[PDB]
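Next up: a single chain in structure tokens, the form deposited in one PDB entry.
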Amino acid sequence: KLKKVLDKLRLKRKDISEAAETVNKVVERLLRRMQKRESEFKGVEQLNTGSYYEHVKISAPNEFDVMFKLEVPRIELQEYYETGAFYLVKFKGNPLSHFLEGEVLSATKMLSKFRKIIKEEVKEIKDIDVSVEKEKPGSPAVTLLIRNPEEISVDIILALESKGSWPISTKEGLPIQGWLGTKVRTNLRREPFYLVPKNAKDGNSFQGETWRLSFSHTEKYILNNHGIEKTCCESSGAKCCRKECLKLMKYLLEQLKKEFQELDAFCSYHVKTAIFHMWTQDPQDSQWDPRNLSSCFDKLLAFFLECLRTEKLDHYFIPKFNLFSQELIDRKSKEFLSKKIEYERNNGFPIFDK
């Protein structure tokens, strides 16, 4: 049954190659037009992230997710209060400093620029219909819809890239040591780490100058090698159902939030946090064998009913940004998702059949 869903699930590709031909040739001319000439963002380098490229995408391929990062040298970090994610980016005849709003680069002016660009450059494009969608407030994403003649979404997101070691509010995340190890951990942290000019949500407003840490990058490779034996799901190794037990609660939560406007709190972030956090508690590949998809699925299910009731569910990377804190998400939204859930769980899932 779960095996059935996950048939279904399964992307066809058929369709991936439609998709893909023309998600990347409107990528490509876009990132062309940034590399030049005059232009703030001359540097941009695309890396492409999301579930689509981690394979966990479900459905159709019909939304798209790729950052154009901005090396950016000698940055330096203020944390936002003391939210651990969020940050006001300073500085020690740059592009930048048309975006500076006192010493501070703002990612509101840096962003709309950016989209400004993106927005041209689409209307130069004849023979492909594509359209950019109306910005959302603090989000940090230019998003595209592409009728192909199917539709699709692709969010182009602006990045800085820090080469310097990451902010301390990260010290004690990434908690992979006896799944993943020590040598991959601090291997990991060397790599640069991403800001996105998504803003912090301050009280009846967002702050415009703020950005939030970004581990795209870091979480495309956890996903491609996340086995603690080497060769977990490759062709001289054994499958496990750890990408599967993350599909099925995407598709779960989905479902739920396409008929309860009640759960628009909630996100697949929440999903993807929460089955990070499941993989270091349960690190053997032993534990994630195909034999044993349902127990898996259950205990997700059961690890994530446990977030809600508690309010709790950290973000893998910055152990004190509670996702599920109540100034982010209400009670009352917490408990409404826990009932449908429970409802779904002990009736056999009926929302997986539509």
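Throughout, rigid core stands for the largest set of C-alpha atoms superposing within 1.5 Å between the two forms. Residue numbers count along the first chain shown, from 1. Compared with the form deposited in another entry:
A 2 Å or larger CA shift between the two forms, after fitting on the rigid core, occurs at just one of 273, 214, 199, 170, namely 199.
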Second form
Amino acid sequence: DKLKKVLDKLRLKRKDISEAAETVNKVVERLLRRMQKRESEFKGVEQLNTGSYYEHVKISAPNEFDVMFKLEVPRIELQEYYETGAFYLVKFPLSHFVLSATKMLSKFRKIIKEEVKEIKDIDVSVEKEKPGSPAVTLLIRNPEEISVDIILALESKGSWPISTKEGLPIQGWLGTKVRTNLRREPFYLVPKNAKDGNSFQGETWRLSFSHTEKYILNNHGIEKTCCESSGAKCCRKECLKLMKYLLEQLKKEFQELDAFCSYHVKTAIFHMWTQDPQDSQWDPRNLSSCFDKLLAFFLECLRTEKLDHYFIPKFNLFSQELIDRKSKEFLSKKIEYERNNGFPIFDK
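How about the form deposited in another entry, since we already have the form deposited in one PDB entry?
Below you will find a single chain and nothing else.
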């Protein structure tokens, strides 16, 4: 009953959705026109909306949108970077850029920046570049703050890379036929934009499966009718919203959690949805225990420092390399607290 009340808070408002979407769509369509309405290196880029807002798991406000500008590029050879699973060198218009992610991202970025300068009807700027982000991030005020991540992606139509061969383990949940079809779709690569000082960092790209995650989010039941008008409701998305909320509220309070992101929560719940495939295990009457066993799953990842990429199982998002052991223990204490106290942080 508590959680019902929290989920009412987190719910987006129809007016808010309409006002933010109409302004976001204005800007994106404009950047999009430019990318081909010019002999630029990215003519033929197409738009693909991704992330929480388009998955309908955005919470609180419609203030963050993700758009992929995917560029179909033929006959490319991947090279796995030092067995990371998820990072690759790319080889063979674009010959102004081995295809360097740094080089291509910044011309891409230069074009956006120029169009934003010529937008006089919307208050929009380009956020200062962040290392680690494959994005160009727009900041819009109308007057509400909305940020848009414009993600550059290459699109390849061959077999998925070998490191994914054992990924996407939906066989007992969404099944083999959905899995085969999903793997017939293209796969995508985005810039790994670290500044860490390590080796081929500048030319590395990372795999993206945002398009596969979108289908899963909107086709998430074992029954075809799950969450449809002639089916039952499940509380799978509500659990994702609640667990996202918990991590958001925690990161607001604690700088020690800067190394965590929503994608960790998302990865965790894909694993939970695979471990517990039956729609009846996510009955809306069992929201509380569903949320709890999610919390317990998330804590078990922290405890064992193990949260494998749902699509690239050798890639540990919780390795010591990326997140310090101290950071995970901090987060375990705070979650264990919120859990055993009826979630005080949910009341603010």
